[PDB]
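The chain that follows stands alone, in the form solved without this ligand, written as structure tokens.
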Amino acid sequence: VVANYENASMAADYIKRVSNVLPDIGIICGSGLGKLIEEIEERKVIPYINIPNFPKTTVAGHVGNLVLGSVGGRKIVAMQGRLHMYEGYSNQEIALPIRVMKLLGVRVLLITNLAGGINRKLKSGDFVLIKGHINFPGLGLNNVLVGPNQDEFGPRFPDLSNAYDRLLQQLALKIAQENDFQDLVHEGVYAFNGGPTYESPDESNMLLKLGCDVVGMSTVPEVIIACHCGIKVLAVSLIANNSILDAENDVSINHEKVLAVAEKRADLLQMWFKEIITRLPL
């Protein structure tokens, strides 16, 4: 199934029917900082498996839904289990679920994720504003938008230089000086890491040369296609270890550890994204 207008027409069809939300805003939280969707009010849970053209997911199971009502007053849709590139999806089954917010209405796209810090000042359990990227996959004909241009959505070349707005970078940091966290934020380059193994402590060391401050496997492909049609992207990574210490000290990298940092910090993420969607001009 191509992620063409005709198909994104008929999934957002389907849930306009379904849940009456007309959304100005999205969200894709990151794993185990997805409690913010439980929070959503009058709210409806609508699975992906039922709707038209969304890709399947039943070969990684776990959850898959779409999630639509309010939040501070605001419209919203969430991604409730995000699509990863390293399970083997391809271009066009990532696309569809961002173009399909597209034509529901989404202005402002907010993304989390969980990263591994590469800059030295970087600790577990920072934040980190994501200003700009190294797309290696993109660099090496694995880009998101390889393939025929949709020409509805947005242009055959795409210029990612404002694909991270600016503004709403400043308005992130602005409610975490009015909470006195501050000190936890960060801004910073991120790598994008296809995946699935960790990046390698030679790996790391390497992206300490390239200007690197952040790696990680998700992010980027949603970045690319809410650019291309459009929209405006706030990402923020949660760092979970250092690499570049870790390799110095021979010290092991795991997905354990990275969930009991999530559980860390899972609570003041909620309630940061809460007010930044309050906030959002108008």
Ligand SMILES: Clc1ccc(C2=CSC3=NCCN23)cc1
Second form
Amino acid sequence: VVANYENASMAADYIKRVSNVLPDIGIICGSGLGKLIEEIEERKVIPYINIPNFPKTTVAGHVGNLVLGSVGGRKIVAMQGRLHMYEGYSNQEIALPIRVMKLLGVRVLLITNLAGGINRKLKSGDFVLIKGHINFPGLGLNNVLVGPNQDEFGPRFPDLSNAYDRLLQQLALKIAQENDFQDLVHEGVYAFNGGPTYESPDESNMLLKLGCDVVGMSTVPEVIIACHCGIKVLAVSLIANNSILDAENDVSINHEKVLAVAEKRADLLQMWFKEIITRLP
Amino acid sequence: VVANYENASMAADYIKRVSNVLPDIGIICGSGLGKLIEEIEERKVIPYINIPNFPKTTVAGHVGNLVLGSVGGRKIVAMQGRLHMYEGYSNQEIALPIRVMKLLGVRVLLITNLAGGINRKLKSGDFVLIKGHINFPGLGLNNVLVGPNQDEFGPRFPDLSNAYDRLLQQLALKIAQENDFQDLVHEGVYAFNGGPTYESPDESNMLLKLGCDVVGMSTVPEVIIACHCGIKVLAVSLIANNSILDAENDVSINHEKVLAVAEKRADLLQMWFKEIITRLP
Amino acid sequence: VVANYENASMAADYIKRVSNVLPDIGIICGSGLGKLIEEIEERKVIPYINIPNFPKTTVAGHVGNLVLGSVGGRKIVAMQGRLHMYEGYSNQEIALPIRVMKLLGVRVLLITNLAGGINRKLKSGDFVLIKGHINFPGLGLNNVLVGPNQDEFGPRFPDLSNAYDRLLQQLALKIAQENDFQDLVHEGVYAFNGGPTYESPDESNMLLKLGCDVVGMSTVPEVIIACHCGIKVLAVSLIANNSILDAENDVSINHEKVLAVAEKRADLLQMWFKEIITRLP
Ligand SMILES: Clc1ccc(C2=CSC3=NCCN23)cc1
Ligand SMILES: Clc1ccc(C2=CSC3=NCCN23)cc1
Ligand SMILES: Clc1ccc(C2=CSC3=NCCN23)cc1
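Show the other one: the form solved in complex with this ligand, since we just had the form solved without this ligand.
Below, the chain from earlier opens the complete complex, with every other chain and molecule after it.
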């Protein structure tokens, strides 16, 4: 199924019939970072399998729901169960849920992910406000927009220079300062590694030479689809490890260590994003 | 349809029956840079849709013609309507028209494109004679030659060290000096960004570190297919903007600004390439 | 056909019925470097076309056999006729023979390849023990593991930091010292160029900046599939040329020069790997 105007419209019509919520804000949460979705007020849960034209996610399994409701007095829509390109999903499958958000009225998209640290200042448990990216799949002819352009949504050749909104970054930092955890918050450039193997030690050393601060396997495809159709983005990485220190010391990484860092920071991240939602313009 | 010897032969046979021209020179022109095609003498226009085994271009639409005729007393064939890989065309679709040129007798291919400047010496409106390239799709398993080798056309493992002919570069520069616009002409290395998003600010900074002078979304696939089958190439970029200055100043880019630069330089480029065609060995 | 547990099991069952060999060691040899396979004792030759679920290799042609038998008193299985991703084989086709090795009992995989030298210390005819890699296809969403994870074989997110076993590297070096050819043996980082074009002169200069020692078009996909399922790896490059010197001097390369270097070093490499097999733990 193509992520075109007709197919996105059919999905949006179903959601409006079931939900009664017109959301202004969309959220996509990283693994182990989804507690906020469970606290959405007056919520409505819509399994992806119920929605016309949503991608099929049964080969990978696990949860897959849209959740609509209220947080801090604002109307929101969340993806619970994220689609990643290393799983084999196509460009069209990644893009269709974001374009449905657009048709439902979303103007701001908030995103979190787990990432490896490249900048020497970064420690396990730190946060990075993403200010730009290096898209290795895009340079190499696997951009999420390869294919015919869907002109109803945006232009053939988008400019990404303002993909990461400056004022949203400033608001996130302001809340951290108000609550005395600004020492955990950095800004940086995110490198997209298609995955699913972690960056090798010598790949990490290369990324340090090229001016990357963090590296991960998500986020950039959704940012590009949002920017193409005029949705503002805030994206925050939680640092699982420093890959440069690990390379210099011959130390390993695994999904278990990543998820333990996620559990340590989950409650703070939930509170931070609730406050951002409450206050964003 | 595969870009093999039998399929290219059927297309070439049709063209020879309709056209009566055996061309020595092929041209592919960048967007807004096609005026020369409209001045071809004794011309014959052959829509792609009429030619056996030519790729289907109706999803993207717009013009798609082969034009044969004379320029400066030389016999030429032009592609009017270029195929780009960010549109979703396959390796085989890009390659078949160049291999048909080979079977028609083409020995030299002249190419223009619009590009972003990375080298700090480059200004909007400058020209760059391409002397080499950095092929990010090729390094990343999306080379135009991935697939079975078509042995009738060239070798399994081509060498690209002489893909950009030195004497053709010298002749282009000589004509610029004769007519007092050599101050606009540079030489440089072209980075292939698969696209269709413009290079991000942080991607531009990376390309500066890696020794690239210009960046764009075309040209390298056609150069590789031509080199594989023994066709000499001259490739010239028109600089739409300096992406490094734009990153340092927080300034944006769009297809409209690009096309305005193309209109400013269109007549000079037409005259330059007419003179190159007249004089090349 | 997917490289899953059921499909690999059917292939392994056929091989055990025909062969009577349970191998501990697997080998994959570079082009012109396969003499050792011809010296396997008490050997059994099984064409790929005879084995359930093995990939179809008739479009490319040439040899394609599994060979089982004894070398130096150890039980081995060799791939005679290597599958390369520049030929158009999919992720699943590359992976299935390595996963069949796993099910047959292989614990160690030995690999050779032909490569271009980037480090200035490297000369034609030198050997490089690979200690790490830079996987441009992997960074760019063409990793061999893109797709559903086959959980019976390994984890969703593998760590590659110990993909190249340290003790196997030490043993290879020890044998070279015992026989007075250690002056030919280096260690280094391997860059994977998807191919099939040789690295361009300006790509070679980029790889020098990024800390690569050698560049080639194979090996990394098989290393990743082996590491994912717990097989230890030794990988050795034979240097055909120095691509940096060739770029500075305007000198070319071709498959013929590569194969002449292979013929010069073939007998030494056969003797070296026979001794490694005899002595590895
Ligand atoms: Cl991350 C964060 C965000 C907000 C607070 C806070 C201090 S007072 C108060 N009334 C409701 C929220 N709130 C603390 C931490
Ligand atoms: Cl780009 C260019 C190329 C040629 C000329 C020129 C000066 S005299 C003359 N007779 C015909 C062409 N021609 C000027 C500019
Ligand atoms: Cl590459 C290599 C490997 C081994 C030797 C060697 C010296 S004595 C001896 N008995 C059998 C093998 N062998 C020489 C060269």
